[PDB]
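Just the one chain here, the form deposited without this ligand, laid out as structure tokens.
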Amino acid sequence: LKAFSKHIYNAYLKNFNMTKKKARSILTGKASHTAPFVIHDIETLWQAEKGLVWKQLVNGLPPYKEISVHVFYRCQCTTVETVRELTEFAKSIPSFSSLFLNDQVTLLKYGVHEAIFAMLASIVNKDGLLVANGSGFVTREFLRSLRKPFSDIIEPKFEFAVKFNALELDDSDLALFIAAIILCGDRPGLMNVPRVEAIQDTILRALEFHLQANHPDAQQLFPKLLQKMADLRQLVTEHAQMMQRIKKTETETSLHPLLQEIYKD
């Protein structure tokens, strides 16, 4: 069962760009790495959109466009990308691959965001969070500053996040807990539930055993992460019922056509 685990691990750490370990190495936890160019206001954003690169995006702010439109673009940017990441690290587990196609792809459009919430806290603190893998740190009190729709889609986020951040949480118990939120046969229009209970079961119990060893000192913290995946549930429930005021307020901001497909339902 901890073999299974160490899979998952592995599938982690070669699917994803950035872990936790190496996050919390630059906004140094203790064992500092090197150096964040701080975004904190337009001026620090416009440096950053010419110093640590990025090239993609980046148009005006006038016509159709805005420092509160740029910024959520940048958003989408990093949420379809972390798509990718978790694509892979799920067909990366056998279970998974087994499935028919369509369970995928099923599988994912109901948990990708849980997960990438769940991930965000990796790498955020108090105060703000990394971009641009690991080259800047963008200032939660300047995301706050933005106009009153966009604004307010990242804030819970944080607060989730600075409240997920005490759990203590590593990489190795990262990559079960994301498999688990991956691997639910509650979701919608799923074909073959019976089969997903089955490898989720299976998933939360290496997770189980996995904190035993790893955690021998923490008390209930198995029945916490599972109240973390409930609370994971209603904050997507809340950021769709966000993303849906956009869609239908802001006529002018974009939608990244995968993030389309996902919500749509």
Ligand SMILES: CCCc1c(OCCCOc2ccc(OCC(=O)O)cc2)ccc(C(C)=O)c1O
Contents of the next structure:
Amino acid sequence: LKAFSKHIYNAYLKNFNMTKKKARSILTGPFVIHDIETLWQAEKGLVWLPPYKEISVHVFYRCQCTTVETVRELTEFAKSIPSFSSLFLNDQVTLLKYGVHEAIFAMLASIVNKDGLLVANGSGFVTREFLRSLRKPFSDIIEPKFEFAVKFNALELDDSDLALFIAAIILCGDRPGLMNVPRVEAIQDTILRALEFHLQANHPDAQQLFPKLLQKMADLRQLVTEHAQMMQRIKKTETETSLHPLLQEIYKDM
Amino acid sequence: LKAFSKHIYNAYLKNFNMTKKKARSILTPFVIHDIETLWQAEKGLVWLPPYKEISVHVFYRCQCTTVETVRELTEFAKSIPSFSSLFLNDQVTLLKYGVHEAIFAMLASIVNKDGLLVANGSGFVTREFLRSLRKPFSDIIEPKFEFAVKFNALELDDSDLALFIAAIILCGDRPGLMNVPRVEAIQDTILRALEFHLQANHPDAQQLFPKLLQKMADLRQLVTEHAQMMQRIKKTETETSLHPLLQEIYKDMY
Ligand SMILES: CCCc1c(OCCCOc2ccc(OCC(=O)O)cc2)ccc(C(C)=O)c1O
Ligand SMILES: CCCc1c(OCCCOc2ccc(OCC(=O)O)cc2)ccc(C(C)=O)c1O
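Please supply the coordinates for the form solved in complex with this ligand, as a counterpart to the form deposited without this ligand shown previously.
To see the whole picture, the full complex is given below, headed by that same chain.
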């Protein structure tokens, strides 16, 4: 269990290009993108796909590049978890399908602060204000991740906690159309039971931390649901803006 | 390209326990041709739902072998050069619609005019006995023999088969494929690989390549017939269970 927990931690450290440790250090605990000018400045070099069109739509496409890229890292992370690799690829896909966004928003907390978040592997900092100035459609689907992040960061988890927490979110028996539910619920339980002992060791004086995170997991489920509805409104009202094919397959039935 | 072949041949040699050139040795095995011999193999030849009847029990043996071959193929495909780069969801699509095609192809390696090997060649079930099975199960089996016999006439070895098999999995025509161009390109290389490989390994033979491409189409018609028959069995043959995985593959075939 303590060994299983370390194993999950190593899979996390090996598969993610950005850990919270780094994130918090960079954010002192990076080019500031706060308007059209600075974002253009960032796109050229200081920092850094479909043809342009407008600021709000261009930032949405960056969210997509980022999320798809994180989905690739979550796939390798899960695959680096022996039990998960045992399931038939179909169940592996079902789990990733319904869990990556929940996992992405939990991890977004690592690179977020009351004022904004980092982008392009820590090189840039996009202000929450700027993101707020965007067109209503896009500005409102972004804001809630912040509200959840700030609150999430107050629990002060480290990469070791997050590794277990993220594995738990992915290995969930609830997901639509899962084939081997028992097997899955069993892997999660083992994960949760290891998180249980890990927190007691890592955060000795934090009371109620564990049941607090289970609630955070339920919270993430509601955050994604609302994210998905907003994603549906964008596919319906934003005729000119596209959506990466991989993201159309996830929101296919969500 | 010479390496590519050689690299797919090894992935085939370590992922598949039973190879044609091995099934050929132990065939130049306990003979199972009736209920008593099957009984003793099930006791002796230590290779499932409670014993129903002989016809159904043999049907369950097919599923068992079929489900385990899917396990192998999954690992094999994952060894194929660019296969693993494809997003999991496409990997699942390719496996879903290709595994039976692959399976019925490899089946030829262990097939005879008079029967086939089972449980790592320790057993051999006669074709006549399978033909003696109750009305529905006997009819879905026989056609694999008819196809296998003609296929063995091409006298291919394990090196050829490895490319032929990878070529069947990497098919850009499968319904619901996300990155079609990507798959089509990986398939082309496999084919050109198969192309040159056949030149060195079977210089004498004429029209072998066009022959094989036609075999791939035949295999496509074989599974369609197979899936229909399976659908009928899942309908009229109530009380006969179907492995959940096999249920996921067939659910969307017509
Ligand atoms: C995970 C995306 C992280 C992110 C931003 O997050 C905002 C909070 C998250 O907001 C969204 C997340 C995803 C999204 O759509 C894609 C999807 O839902 O899969 C839309 C909004 C905002 C800007 C950038 C830039 C400039 O590079 C960025 O990389
Ligand atoms: C590939 C299965 C190979 C096989 C047999 O093949 C008959 C030709 C293939 O026939 C079928 C293949 C699969 C099948 O259903 C399962 C599926 O469609 O996936 C039904 C018939 C017959 C008997 C056995 C035993 C006694 O162990 C066996 O392992």
